[PDB]
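Listed here are the chains, written in short residue letters.
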Amino acid sequence: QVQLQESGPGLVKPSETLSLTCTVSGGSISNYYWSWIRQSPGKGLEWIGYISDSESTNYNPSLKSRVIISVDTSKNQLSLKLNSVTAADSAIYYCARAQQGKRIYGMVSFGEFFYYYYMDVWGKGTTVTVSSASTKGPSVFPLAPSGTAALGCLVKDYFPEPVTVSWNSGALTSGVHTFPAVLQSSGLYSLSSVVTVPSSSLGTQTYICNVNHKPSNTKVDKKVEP
Amino acid sequence: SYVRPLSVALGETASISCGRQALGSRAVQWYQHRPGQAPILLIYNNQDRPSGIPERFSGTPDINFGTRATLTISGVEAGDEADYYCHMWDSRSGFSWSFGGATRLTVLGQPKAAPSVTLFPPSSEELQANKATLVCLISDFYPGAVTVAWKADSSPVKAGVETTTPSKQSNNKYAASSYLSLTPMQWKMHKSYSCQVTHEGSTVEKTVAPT
Amino acid sequence: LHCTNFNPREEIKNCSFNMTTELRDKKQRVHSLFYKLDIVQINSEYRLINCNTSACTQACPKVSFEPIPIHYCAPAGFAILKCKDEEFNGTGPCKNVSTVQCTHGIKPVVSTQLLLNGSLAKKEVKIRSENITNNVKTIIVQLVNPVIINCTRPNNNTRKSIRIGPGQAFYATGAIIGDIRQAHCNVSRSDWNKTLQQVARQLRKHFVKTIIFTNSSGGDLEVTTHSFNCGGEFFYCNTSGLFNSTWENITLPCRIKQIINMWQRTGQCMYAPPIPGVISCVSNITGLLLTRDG
Ligand SMILES: *[C@@H]1O[C@H](CO)[C@@H](O[C@@H]2O[C@H](CO)[C@@H](O[C@@H]3O[C@H](CO[C@H]4O[C@H](CO[C@H]5O[C@H](CO)[C@@H](O)[C@H](O)[C@@H]5O[C@H]5O[C@H](CO)[C@@H](O)[C@H](O)[C@@H]5O)[C@@H](O)[C@H](O[C@H]5O[C@H](CO)[C@@H](O)[C@H](O)[C@@H]5O)[C@@H]4O)[C@@H](O)[C@H](O[C@H]4O[C@H](CO)[C@@H](O)[C@H](O)[C@@H]4O[C@H]4O[C@H](CO)[C@@H](O)[C@H](O)[C@@H]4O[C@H]4O[C@H](CO)[C@@H](O)[C@H](O)[C@@H]4O)[C@@H]3O)[C@H](O)[C@H]2NC(C)=O)[C@H](O)[C@H]1NC(C)=O
Ligand SMILES: *[C@@H]1O[C@H](CO)[C@@H](O[C@@H]2O[C@H](CO)[C@@H](O[C@@H]3O[C@H](CO)[C@@H](O)[C@H](O)[C@H]3NC(C)=O)[C@H](O)[C@H]2NC(C)=O)[C@H](O)[C@H]1NC(C)=O
Ligand SMILES: *[C@@H]1O[C@H](CO)[C@@H](O[C@@H]2O[C@H](CO)[C@@H](O[C@@H]3O[C@H](CO)[C@@H](O)[C@H](O)[C@@H]3O)[C@H](O)[C@H]2NC(C)=O)[C@H](O)[C@H]1NC(C)=O
Ligand SMILES: *[C@@H]1O[C@H](CO)[C@@H](O[C@@H]2O[C@H](CO)[C@@H](O[C@@H]3O[C@H](CO)[C@@H](O)[C@H](O)[C@@H]3O)[C@H](O)[C@H]2NC(C)=O)[C@H](O)[C@H]1NC(C)=O
Ligand SMILES: *[C@@H]1O[C@H](CO)[C@@H](O[C@@H]2O[C@H](CO)[C@@H](O)[C@H](O)[C@H]2NC(C)=O)[C@H](O)[C@H]1NC(C)=O
Ligand SMILES: *[C@@H]1O[C@H](CO)[C@@H](O[C@@H]2O[C@H](CO)[C@@H](O)[C@H](O)[C@H]2NC(C)=O)[C@H](O)[C@H]1NC(C)=O
Ligand SMILES: *[C@@H]1O[C@H](CO)[C@@H](O[C@@H]2O[C@H](CO)[C@@H](O)[C@H](O)[C@H]2NC(C)=O)[C@H](O)[C@H]1NC(C)=O
Ligand SMILES: *[C@@H]1O[C@H](CO)[C@@H](O[C@@H]2O[C@H](CO)[C@@H](O)[C@H](O)[C@H]2NC(C)=O)[C@H](O)[C@H]1NC(C)=O
Ligand SMILES: *[C@@H]1O[C@H](CO)[C@@H](O[C@@H]2O[C@H](CO)[C@@H](O)[C@H](O)[C@H]2NC(C)=O)[C@H](O)[C@H]1NC(C)=O
Ligand SMILES: *[C@@H]1O[C@H](CO)[C@@H](O)[C@H](O)[C@H]1NC(C)=O
Ligand SMILES: *[C@@H]1O[C@H](CO)[C@@H](O)[C@H](O)[C@H]1NC(C)=O
Ligand SMILES: *[C@@H]1O[C@H](CO)[C@@H](O)[C@H](O)[C@H]1NC(C)=O
Ligand SMILES: *[C@@H]1O[C@H](CO)[C@@H](O)[C@H](O)[C@H]1NC(C)=O
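Chains as they are written, first to last, in the authors' numbering: chain H, 1 to 82, 82A to 82C, 83 to 100, 100A to 100R, 101 to 125, 132 to 211; chain L, 6 to 67, 67A to 67C, 68 to 95, 95A to 95C, 96 to 210; chain G, 129 to 136, 151 to 185, 189 to 309, 312 to 321, 321A, 322 to 354, 357 to 395, 412 to 458.
No wet-lab data here; the hints were simulated from the structure.
Errors might be hidden in some of the hints.
[Stated by the list, open to error] To list a few chain H residues with every Cβ distance to chain L over 12 Å, as calculated:
(1) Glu6
(2) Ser19
(3) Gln39
(4) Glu55
(5) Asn58
(6) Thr73
(7) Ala84
(8) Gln96
(9) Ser125
(10) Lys141
(11) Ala156
(12) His162
(13) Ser178
(14) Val179
[Stated by the list, open to error] Capping the alpha-carbon separation at 30 Å, the derived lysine-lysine pairs in DSS-like fashion look like this:
(15) L:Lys111 / H:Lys208
(16) L:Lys111 / H:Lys207
(17) L:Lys205 / H:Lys199
(18) L:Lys205 / H:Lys208
(19) H:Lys115 / H:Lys64
(20) H:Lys103 / L:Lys205
(21) G:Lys178 / G:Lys282
Even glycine gets a Cβ: it sits at the ideal position worked out from N, Cα and C.
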């Protein structure tokens, strides 16, 4: 009933304010607690902070002096800021719904309980990269094919992560295989997707990929044919 | 942080011990998380699992202090190969900010799978830009470990190769790319290029020629 | 003592100190838990509350404070006269008198405010005093039906034995295994309320007039609390929630002391060693002792 979705800039210069948002679907925003979690390569899940339904803040001691978790009850938008960002702050950021639990072990009147939170519904995640290097759009080149055949497109030098590939704007979904990227020594990734398809339709039904690179707003699409 | 390696056989029951023992009455959370994937909540109370999570994920209720918190994954399959976290709350420790160290369950005994090598020649548009880049795509193999070797006619080449590390797919299998970058001159002057993929003790080769 | 607090009422401290050992020239840096009530600050360097007035002898951990019936007998050639009239006021003539050699089994139960484990009135809550018109004379109530008090110290304590000398072993309070809770007592509402309207209607037979119940006056802890013994440790329960009515449970928050003076003597205390495990005792409340103001 309730879904989430993060949003971000993809690239952030060092020593600048990072800003993300989230869109809550099918649920009131000032009804539950909201959290922020990030996972960097090499480090485990790190709990950033959380906001209450009363809109009160409480941040991790790891970054209490750099984080501001705001809110926007007009819609269902949850905010997050990161002052003075360094290279170690690049990670996949998540926003989840913290549900408050009340564990009582003694007498409720003597104060013999403790509050604990659990986050049951998470967002998809937003990738952010911290490097003073500039953004750059890709250069998708088509890969012509040759029981079945394989055909794809070589998304060459682009920075930074991520990139989206869709075949026939979402019509062709069976047999797709978007491979992981490759960080070249030149400092920018390169991706490649392919799709196994029956050899019958090599000439008739056109195959068109759709490449999306938001960190540079360079949206491209190309067609493949022998 | 630092990781704990775990290995169970396929079909067995995994008993994942929690990281930090509780000093008092506890309230433990179990998250199943994969690298580059949204973490899902398995058990939020000491044993209460939410909607959708199968009954094969069971925890230990804290009926009497002393009992340790463990996550029990009965009938492990290839999908239960992820990182598991133990969010340990109790009455004595402070605010449980960190999720603790991750235990990476690696289910053993999975069947072996052979690669699906596919090599594409440089595009006509790419060659027009005076830059040639072959691409060798390996897919649907297991275990996730291969070896690429590029052939320039007879003699091999390794200057200009950029190979992805294996990555788990949606079918619990692994895939990796392999890019050889060369000038358009040396693409036309060589008779053929090959992509030799060595998985386990076997090698398979899918070549391509400038034509 | 060098003490710090405990955990992120009942305050407990974790105190480290230098201590002697089996050999005179050598010392040991050992630590122990001390309840805040047994320890004062010097001005965080603390100090045992008794060291400035008297020494302390800790109880031999093999003896028990279990009150068991004592029979007081009279010598040969003497006698004991037992008044058997039920509604006997305690003073004056008694029409049903018999002679005995010894008294019945009397348990030396030390308590305050509430008289625990005792002899009941055969019918109607009987009240005893000297000069009722004089408020400085203590009134003694004796209930007819016993309300049951239910006490327990929940914290699972552990005993840590030091060695302060050749044969001298001071038993220190170890760690607290499990949760940290609050020691207290439970008595039944609508039963303390049922037996307080019984004491009420008998207090007005001597005082015409509305009667009020309040808390203790104030001062020492032993004077202003339901101090008693329970499993080995000495509780100090706050009975403001029991005497609070002018004519489901009612829980009394209790503190626990280790340095007790007992008989209010001229400088003599006893260190009650920590009882390992969980403590819980059940005691009848058969009597009372009030104090009028004027
Ligand atoms: C002297 O006088 C004293 C004062 O009068 C007196 O003190 C009393 O002491 C006792 C123990 O010494 C105390 O008992 C404790 O009480 C706790 C609270 O119990 C109540 O609440 C729970 C939970 O309620 C939430 O959940 C239910 C549904 O699950 C909802 O319906 C509720 O509305 C509520 O949920 C909402 O509210 C929350 C708060 O707003 C929100 O956050 C939430 O989102 C929701 O909105 C109820 O389940 C309890 O029901 C039980 O009792 C009723 C009678 O009232 C029974 O009929 C019924 O069958 C139930 O058994 C109750 O209403 C308890 O949590 C606590 O028990 C746990 O803790 C101890 C020690 O920590 C454990 O050893 C014990 O095993 C329990 O652990 C279980 O539960 C936790 C968390 O739930 C699990 O993590 C754990 O693994 C374990 O689960 C396992 O066992 C469960 C059954 O036990 C089972 O269901 C599970 O599936 C699993 O197998 C403990 O009992 C009592 O509070 C004191 N009194 C007061 C006033 O404080 C003293 O006794 C007197 N005598 C002396 C000193 O001698
Ligand atoms: C109020 O204080 C009580 C302490 O006396 C808490 O504990 C409950 O006391 C009841 C009274 O003895 C117990 O019920 C008894 O069980 C025995 C065993 O079968 C019977 O012989 C008794 O007749 C029966 N008494 C009654 C009145 O039913 C309860 O068992 C005991 N609680 C538990 C968990 O064992 C009360 O819990 C406490 N209540 C509150 C709300 O704090
Ligand atoms: C004083 O209070 C304590 C606790 O409030 C009372 O102890 C309780 O006694 C009952 C008696 O039946 C116990 O219930 C039984 O427990 C056993 C073991 O768990 C269980 O198998 C039975 O089915 C039944 O539930 C109860 O556990 C026990 N509670 C505790 C905390 O020890 C005691 O009876 C009271 N004394 C009085 C009122 O005189
Ligand atoms: C009022 O009387 C009751 C019962 O006569 C007293 O309860 C009794 O408490 C003692 C401990 O103080 C219990 O005896 C001992 O318990 C320990 C701990 O397990 C054990 O090591 C000993 O062997 C012995 O069993 C005793 O069982 C208990 N009686 C009952 C019936 O439960 C109560 O303490 C008295 N109150 C006061 C203020 O003296
Ligand atoms: C032993 O110490 C106690 C506790 O400090 C003394 O009682 C204190 O006396 C001083 C007098 O200067 C008061 O300021 C405190 O308020 C008293 N404390 C309490 C709790 O009443 C006691 O007098 C000391 N004994 C001797 C013989 O000096
Ligand atoms: C606490 O009071 C109860 C109730 O008066 C006592 O139980 C009685 O014990 C006598 C002596 O064996 C019996 O004749 C009664 O029948 C008992 N009454 C009930 C209701 O069982 C109990 O002995 C008292 N306990 C203490 C320690 O004083
Ligand atoms: C209080 O804590 C102690 C541990 O310090 C518990 O002692 C254990 O009790 C179990 C009972 O099943 C034994 O099997 C262990 O061997 C004991 N451990 C030690 C070190 O002796 C004790 O059970 C706790 N008390 C309660 C009431 O649970
Ligand atoms: C009281 O404080 C002392 C510190 O002096 C605690 O002793 C430490 O306990 C930890 C946990 O086992 C050990 O890692 C340290 O080595 C101990 N230090 C020393 C100097 O012994 C002691 O645990 C505390 N007591 C309680 C009940 O928490
Ligand atoms: C005993 O407990 C009562 C409450 O159960 C305490 O009452 C409080 O006392 C303070 C100090 O005078 C007042 O300011 C509060 O208004 C009282 N609260 C009430 C009556 O609910 C009392 O202080 C406790 N006494 C001891 C010695 O611990
Ligand atoms: C023990 O005594 C030494 C001096 O002899 C002192 O430096 C140290 O702090 C003492 N340790 C304690 C009191 O715990
Ligand atoms: C107690 O009752 C007797 C009855 O013989 C009476 O003489 C005496 O004055 C009474 N004393 C008190 C304090 O009630
Ligand atoms: C004296 O007490 C006994 C006790 O049973 C009773 O039988 C007798 O009737 C009493 N006598 C008087 C005069 O009260
Ligand atoms: C005394 O009684 C009043 C009225 O019932 C209540 O508000 C107050 O909390 C009671 N005090 C205590 C210490 O129980």
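| query | Okay, which hints does this one fail, numbers in order? | reply | When the structure is compared with the hints, numbers 1, 3, 5, 8, 9, 10, 12, 13, 14, 15, 16, 17, 19, 20, 21 turn out to be violated.
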